[PDB]
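The form deposited in one PDB entry is given below as one chain in C-alpha cells.
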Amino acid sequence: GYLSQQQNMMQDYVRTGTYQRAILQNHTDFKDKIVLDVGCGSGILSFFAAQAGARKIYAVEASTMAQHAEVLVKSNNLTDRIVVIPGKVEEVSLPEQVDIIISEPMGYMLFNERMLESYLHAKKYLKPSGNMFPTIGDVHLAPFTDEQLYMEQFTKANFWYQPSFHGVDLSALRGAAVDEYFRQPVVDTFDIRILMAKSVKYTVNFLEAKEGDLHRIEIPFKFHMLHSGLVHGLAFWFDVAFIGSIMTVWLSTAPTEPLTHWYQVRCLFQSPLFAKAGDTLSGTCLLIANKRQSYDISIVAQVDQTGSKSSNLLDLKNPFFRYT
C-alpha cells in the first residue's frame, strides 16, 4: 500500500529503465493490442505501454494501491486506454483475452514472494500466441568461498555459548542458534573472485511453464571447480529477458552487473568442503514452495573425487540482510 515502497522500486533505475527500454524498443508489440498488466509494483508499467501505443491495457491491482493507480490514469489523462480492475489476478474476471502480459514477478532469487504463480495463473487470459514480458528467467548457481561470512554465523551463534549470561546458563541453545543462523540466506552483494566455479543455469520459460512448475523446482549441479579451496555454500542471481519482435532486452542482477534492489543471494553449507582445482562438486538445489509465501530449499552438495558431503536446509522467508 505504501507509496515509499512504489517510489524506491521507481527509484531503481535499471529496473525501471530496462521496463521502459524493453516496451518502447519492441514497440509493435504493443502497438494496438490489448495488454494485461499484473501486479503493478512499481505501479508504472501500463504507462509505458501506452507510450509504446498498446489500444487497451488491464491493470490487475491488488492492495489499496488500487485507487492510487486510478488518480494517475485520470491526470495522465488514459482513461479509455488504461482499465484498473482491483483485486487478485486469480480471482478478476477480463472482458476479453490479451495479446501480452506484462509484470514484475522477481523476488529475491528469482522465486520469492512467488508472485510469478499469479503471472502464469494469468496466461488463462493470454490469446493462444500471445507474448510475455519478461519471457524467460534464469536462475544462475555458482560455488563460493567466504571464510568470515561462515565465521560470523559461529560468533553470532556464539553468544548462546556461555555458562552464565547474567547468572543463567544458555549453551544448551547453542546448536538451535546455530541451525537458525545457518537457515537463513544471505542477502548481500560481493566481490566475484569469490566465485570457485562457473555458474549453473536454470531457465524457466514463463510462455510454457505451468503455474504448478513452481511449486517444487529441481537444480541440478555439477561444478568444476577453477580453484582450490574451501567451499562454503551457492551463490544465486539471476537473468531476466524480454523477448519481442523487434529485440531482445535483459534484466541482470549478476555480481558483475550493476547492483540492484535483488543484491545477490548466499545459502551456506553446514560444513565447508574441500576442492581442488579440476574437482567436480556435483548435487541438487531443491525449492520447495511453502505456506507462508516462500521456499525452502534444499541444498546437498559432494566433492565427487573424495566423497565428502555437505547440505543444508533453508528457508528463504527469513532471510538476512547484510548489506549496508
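Positions refer to the first chain, counted from 1. In this text, rigid core is short for the largest set of C-alphas that superpose within 1.5 Å between two forms. First, how it differs from the form deposited in another entry.
- For the set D169, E113, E180, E90, a Cα shift of at least 2 angstroms between the two forms, after rigid core superposition, holds for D169 and for no other residue.
- With the core superposed, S42 shows a C-alpha displacement of at least 2 Å between the two forms.
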Contents of the next structure:
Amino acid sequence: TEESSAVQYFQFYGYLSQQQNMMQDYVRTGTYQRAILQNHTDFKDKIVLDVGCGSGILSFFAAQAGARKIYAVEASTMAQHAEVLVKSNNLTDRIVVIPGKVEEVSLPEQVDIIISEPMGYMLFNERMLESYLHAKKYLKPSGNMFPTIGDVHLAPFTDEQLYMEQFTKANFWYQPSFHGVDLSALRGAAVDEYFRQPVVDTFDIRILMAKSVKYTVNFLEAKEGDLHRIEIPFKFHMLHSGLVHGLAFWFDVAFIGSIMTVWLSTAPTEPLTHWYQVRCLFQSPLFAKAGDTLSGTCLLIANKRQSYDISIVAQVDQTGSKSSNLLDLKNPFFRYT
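Okay, that's the form deposited in one PDB entry, but what's the structure of the form deposited in another entry?
What follows is just the one chain, with no partners and no other molecules.
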C-alpha cells in the first residue's frame, strides 16, 4: 500500500547511519558543495528551498555561499537532528527547518533557487523527483534549480559470470528431489523472480558493447506528472560481437549555474558513488554481431510504492531475437562487495 510504503521510506531517512552513508559519499557531497560554492552569485542574498534536507548539509552549503534565508524542508524525524545542527552552528538567523512533506508545508515566500538531492538508483527510484518538481510551486519565475537536468544513460553489456550467478540461484527451483520433493514446477516462477531484480554494483567498462543512449529530464521545465510514465526508446549500434546479457544504467546530473555548469556523474567511467550502477538482466541473452542494431524501449511506470515498474523489450533487428523483461526497481539485488 502507498501509506505503508511512505512510512517505511521516511523511517529509513530518520536513521543517522543512513544520513551518514549519503554524507560520506565524497563524490556526491563534494560535488554538491562545488556546484553551490562555485555558483555563489546564484545564492548570494537569495532565498533558497532545500527539498528533503536530511542532516541539513546542502542548506549549510547555501549558507556558506551567502544565501539570505534557506527553508530546509524535511519529512522524516531527521528534521529535529537538522535543527540541532543549525543551532550548534549558529545559523538560526539564516536556515529555517520546516518539518513535514514539501507537498504539505507552507513557506513564507517564493524562492530564487531550489536545491535538492532527490536521485535514487537509475535516477528515478524513490520517486523523490516528483516532490522536487512539485516544489516548483514555490519558485519565482526567474528561478533556478540545482540540479537543473538529469541524464539517464543506458548501454548493453556482456557479463556471463553475473548471468550464471543469478541463473544458479533460480535453479535451486529446478531440483526434482530437494529432500525428496520435486520443486521443478516452480523453476520458471523462480527465474521470473530472480531476473526481476535489478543488479546494483559496479563493473569494468569493457563489458559495454555499444555507445550509451541518453534520456534527459529538464527539471526547470518538467512537470510532476511527466514522471508517471517514462518511455525511453533505444537503438544501439553494436560495437563488439557477443551475448548481450542485459542493459546497464547510470545517470548524470548537471547544476547549470550563472557562473559554471557542474556535473555529478555515476558513470562507470567515473569515480564510484553510493549509487554504483544498475543492470537489468535478460532472462536469456541476445546474440549480436558487431555492426548489428539492438533496438527497443525501456518503459518506467510509476507505482504506489514510490518507485517504478520497469519493462524492457529489446530485439536484435537482424535476426529478430527478442527479449522481454519486467523489473521491480523497488527491490534490487545489492551485489557490491
